[PDB]
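Below, in structure tokens: the form deposited without its partner chain, a single chain.
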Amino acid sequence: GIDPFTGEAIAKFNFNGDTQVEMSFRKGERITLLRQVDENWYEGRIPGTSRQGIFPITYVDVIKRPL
């Protein structure tokens, strides 16, 4: 995201979020990484949209980690 403390990732694969906290996306989307919340999950959002939530790290190519 524009805040340099946030990170950036590109989705490698489609991700369907099954629960209300998850954020679905398709392969190729750019995602702002807000925080790595455990060994397998990020919290993130897609700027320009209201889309926000958690997703698994295995679905994205992390370009820049949050600070």
Second form
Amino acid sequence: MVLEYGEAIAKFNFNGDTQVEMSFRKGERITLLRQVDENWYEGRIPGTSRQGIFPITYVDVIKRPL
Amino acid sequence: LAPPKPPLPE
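Switching conditions: you have the form deposited without its partner chain, so give me the form solved in complex with its partner chain.
Then the entire complex follows, led off by the chain already shown.
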């Protein structure tokens, strides 16, 4: 359903505890693939296979997915 | 130090 991916830069360190979650450090640029629910994005690290979900509150949203 | 982790999606 998404027509344009978004992007964000991490503003907090996030340790995912499960396979569905994507860990990252402050400063990592993340492509936003979709908003999963009220609290989580699915994203990916550009040029890689790191993909999974993380909390919206842990990133600075530059562009929302459309 | 970070915001509390929200509950996971369904």
